[PDB]
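**Student:** Residue-level listing of the chains:
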Amino acid sequence: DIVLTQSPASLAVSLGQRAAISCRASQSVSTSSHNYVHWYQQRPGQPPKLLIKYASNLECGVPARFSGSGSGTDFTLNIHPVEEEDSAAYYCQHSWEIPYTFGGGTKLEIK
Amino acid sequence: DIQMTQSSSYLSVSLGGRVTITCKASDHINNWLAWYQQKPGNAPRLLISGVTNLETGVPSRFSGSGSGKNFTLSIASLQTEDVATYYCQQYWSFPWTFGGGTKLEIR
Amino acid sequence: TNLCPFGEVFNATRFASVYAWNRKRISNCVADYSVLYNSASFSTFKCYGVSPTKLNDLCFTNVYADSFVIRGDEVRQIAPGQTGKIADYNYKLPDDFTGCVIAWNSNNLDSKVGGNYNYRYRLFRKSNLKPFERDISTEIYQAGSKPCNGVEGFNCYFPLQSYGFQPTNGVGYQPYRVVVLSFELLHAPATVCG
Amino acid sequence: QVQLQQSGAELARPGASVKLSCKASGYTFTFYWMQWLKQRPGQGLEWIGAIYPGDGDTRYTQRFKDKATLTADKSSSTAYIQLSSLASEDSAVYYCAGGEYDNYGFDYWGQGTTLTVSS
Amino acid sequence: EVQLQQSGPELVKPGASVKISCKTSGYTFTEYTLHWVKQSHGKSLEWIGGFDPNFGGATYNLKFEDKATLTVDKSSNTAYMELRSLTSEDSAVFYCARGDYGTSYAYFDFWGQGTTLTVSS
Amino acid sequence: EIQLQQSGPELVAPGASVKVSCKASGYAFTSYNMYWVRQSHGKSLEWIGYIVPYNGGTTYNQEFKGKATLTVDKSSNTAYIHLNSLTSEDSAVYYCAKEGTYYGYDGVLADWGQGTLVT
Amino acid sequence: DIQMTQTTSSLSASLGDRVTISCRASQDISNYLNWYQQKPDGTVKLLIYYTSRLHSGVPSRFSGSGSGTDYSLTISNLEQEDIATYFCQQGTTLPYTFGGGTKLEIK
Ligand SMILES: *[C@@H]1O[C@H](CO)[C@@H](O)[C@H](O)[C@H]1NC(C)=O
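These protein sequence lines map, in sequence, to chains A, B, C, D, E, F and G.
So for the first sequence, our numbering puts the first residue at 1; every next one is plus one.
So for the second sequence, our numbering puts the first residue at 1; every next one is plus one.
So for the third sequence, our numbering puts the first residue at 1; every next one is plus one.
So for the fourth sequence, our numbering puts the first residue at 1; every next one is plus one.
So for the fifth sequence, our numbering puts the first residue at 1; every next one is plus one.
So for the sixth sequence, our numbering puts the first residue at 1; every next one is plus one.
So for the seventh sequence, our numbering puts the first residue at 1; every next one is plus one.
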């Protein structure tokens with residue numbers, strides 16, 4: 001099975017600067033044309049919602065500030081403006097084999 | 001060495017009508033049947049691989065049918081390019097025996 | 001009186017890929033091989049070393065049921081002796097094979113209008129495979145450029161490339177869910193019967 | 001690359017039991033057989049048995065049928081042979097070996113544990 | 001728009017079966033899978049498995065072949081999940097995701113409310 | 001395209017031996033069982049056997065195992081049949097024909113050669 | 001119970017020599033005999049798997065032959081790397097019974 005662990009699990013950021021949440025994979029979950037890791041967002045008391053599909057291509061209906069990238073095993077997320085709307089947990093994912101495992105997820109608390 | 005038969009070696013129908021060829025097999029074959037068409041002086045061509053599935057490149061007037069031991073072919077409305085023989089074939093056990101055959105003539 | 005499941009490896013819902021093929025060893029059976037025949041859906045049913053009318057009247061020691069999804073064209077590399085990408089880098093059958101390569105057609109199942117990037121196959125390897133050998137090393141491949149640092153530049157590729165499975169591809173680029181039954185005919189206590 | 005690393009040498013008293021180990025890592029352990037072999041010093045190998053770790057099935061021989069029992073661990077990717085009711089008979093080198101296609105020999109070989117029995 | 005609705009919350013006695021509904025509304029039913037996701041009070045999300053309505057089967061995670069099953073009703077556009085043989089640790093909130101066309105899912109687009117499930121006496 | 005050509009018509013006396021070629025070009029020659037079949041004039045077809053081209057392992061019919069023997073050459077992409085000890089009863093048209101490129105069942109014949117009218 | 005009957009227990013020559021090693025089967029084992037190689041520290045590795053020359057990752061000196069019930073491995077030219085006890089094997093019935101072993105040592 002493929003396990004994912006996200007570090008830093010405790011991320012506190014001020015309103016001006018960017019964030020950087022990581023997803024480290026076990027196997028090289030990557031091919032020559034796709035990267036098989038996705039990103040999510042979960043507010044407390046809310047169902048999750050998609051941010052990215054296939055680790056770079058951006059989902060329709062987002063504020064166009066969440067855009068991550070990564071090659072091979074290490075993948076990162078970038079949120080350059082941060083607001084009060086971005087106070088939630090952000091899970092990772094992979095779609096390599098048939099157990100799809102969501103990651104742990106880090107809480108982004110504004111300063 | 002399974003034997004396979006046909007109804008008549010000559011089945012003569014008129015133009016545009018219907019023809020129903022009959023092929024009875026000796027032993028039990030599940031669906032593994034073929035058909036052919038040999039216009040005289042040339043090589044045969046596979047028409048209906050399997051008992052019902054038509055191959056790519058044949059007109060859709062042809063329609064295989066039947067199961068068990070007796071299978072039938074049926075042409076919807078005959079033209080003048082289908083006045084050849086029609087060999088029934090099994091492919092179950094190794095001596096993949098062909099049928100008798102029925103040359104056609106318009107009447 | 002227990003009939004061993006071909007309802008778990010044949011009409012399964014999702015087949016694994018070519019670089020990682022499944023295998024379910026089937027043992028202690030009354031094996032009804034008659035549901036395999038009575039279908040026109042099974043496109044190719046080639047049995048090597050054993051006549052297909054005598055499957056119901058034979059007893060073996062082990063039955064290996066391998067499973068994967070390849071293109072239409074490649075359903076003729078799963079055979080003793082052939083070469084090509086599927087049969088040297090992904091899944092090689094031995095020369096003295098005693099099995100029954102079965103493969104139907106499923107384009108209603110394994111294809112999307114934009115593409116199906118789940119099934120993958122291998123592209124390059126240093127040595128071609130030994131019989132029944134499986135490797136799932138997805139490392140960023142050493143093809144040359146002898147200092148390799150992972151970042152996938154010139155002369156270093158990923159060893160997997162996905163399939164493009166759309167309904168509008170013809171027949172040569174459609175998924176054909178192969179199942180390779182492999183009988184182990186070794187002089188032993190006979191396990192699977194008729 | 002694939003290697004089969006085996007345990008170290010052991011000591012056993014007559015009446016006790018040893019449980020050897022051969023950690024298979026480098027290929028798919030749960031797909032192919034794992035065959036234990038026995039070499040008395042100065043003589044050829046003798047096939048003790050084999051184990052298919054996918055379902056946990058055993059192929060014992062007739063002589064080693066009840067003293068030797070085979071179990072394997074799917075998660076840890078290693079195989080165990082449990083010699084019970086020992087004697088001065090079983091002072092021999094025990095090997096582990098396995099391959100993908102059994103009609104084409106046994107490809108990968110272990111190192112071998114030297115088992116001594118005295119007091 | 002495309003949206004999914006589940007049943008209400010429910011408390012569970014140990015050793016019982018609960019049928020979790022998921023009523024979908026807004027798209028053609030037989031072109032999209034319905035996966036189920038379990039999340040246990042702030043722990044990590046885990047994938048149970050999804051149905052394939054054009055094929056008529058399901059693909060469970062191997063740690064959930066024992067206690068989960070997926071049945072759908074193609075006429076009234078509802079997908080069900082029944083949990084049997086449950087311990088007390090299998091008390092969570094259960095989500096009803098939406099995937100892609102069959103054996104092609106990689107992301108989960110639209111989600112439901114989620115029925116929180118509690119096990120006690 | 002997928003083209004199969006053979007030799008021309010033959011003419012030998014009773015009690016002789018012939019061989020006719022069958023040169024395949026347009027596909028991977030090592031990947032189809034090249035069959036054979038005999039068709040007398042005004043009657044149905046009758047089998048001879050098949051040869052698997054990468055190995056050379058031949059299978060023959062029951063009534064034809066004495067006369068016809070097949071061989072193959074992977075370099076020239078030719079499949080030969082060697083007919084021995086003929087009569088006037090063995091005067092027919094001989095085809096070489098592979099199976100369908102996407103069908104795969106062991107006995108259908110989806111593209112046929114021309115035919116050498118042997119006398 | 002096929003029992004392999006390896007003929008010799010010790011065979012000696014010098015460098016540059018061509019040395020064959022024989023192994024005789026009990027019944028008709030029908031070309032499923034291997035050949036192994038054991039350097040004295042304890043490492044064992046396969047040399048040829050099928051009888052008919054198919055070798056696995058070794059130098060091309062080792063090439064055995066034979067059919068029926070009599071088989072023999074041979075080395076074209078040997079060196080100081082080629083010192084071992086060489087087992088034969090049978091693969092058609094249980095139990096897999098190995099040969100005795102011909103110890104090599106430089107004369
Ligand atoms: C798989 O399921 C279908 C559905 O009824 C059935 O027709 C078919 O025979 C099954 N195949 C096997 C091998 O059991």
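Just to be clear, a hint being listed does not mean it is correct.
[To be verified] Some chain A residues near chain E, calculated using beta-carbon distances under 7 Å: (1) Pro8; (2) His38; (3) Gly45; (4) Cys60; (5) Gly61; (6) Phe66; (7) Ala88; (8) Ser95.
No lab work stands behind these hints, which were simulated from the structure alone.
Just so you know, even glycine gets a beta-carbon here, dropped at the ideal spot from N, CA and C.
**Student:** If a hint holds in the structure, say so; if it doesn't, say that too.
**Tutor:** Quick rundown of the hints versus the structure:
Violation of the interface hint for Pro8 (chain A) is found here, the shortest Cβ-Cβ separation to chain E being roughly 16 Å, above the 7 Å cut-off. Hint on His38 (chain A) holds. Least Cβ distance to chain E is approximately 5 Å, under the 7 Å limit. Checking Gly45 (chain A) against chain E by beta carbon gives a least distance of about 10 Å; that is not within 7 Å, so the hint is violated. For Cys60 (chain A), the shortest C-beta to C-beta distance to chain E is roughly 10 Å, which exceeds 7 Å, and the interface hint is violated.
Given the 7 Å rule on beta carbons, the hint for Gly61 (chain A) is violated: about 10 Å separates it from the nearest Cβ of chain E. The criterion of a C-beta within 7 Å of any C-beta in chain E is not met by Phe66 (chain A), whose closest approach is roughly 14 Å, and the hint is violated. Among the interface hints, the one on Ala88 (chain A) is violated; its C-beta lies about 12 Å from the nearest C-beta in chain E, farther than the 7 Å criterion. Because the beta carbon of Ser95 (chain A) sits about 4 Å from the nearest beta carbon in chain E, less than 7 Å, this interface hint is met.
Checked against the numbered hints above, the structure violates hints 1, 3, 4, 5, 6, 7; every other hint is satisfied.
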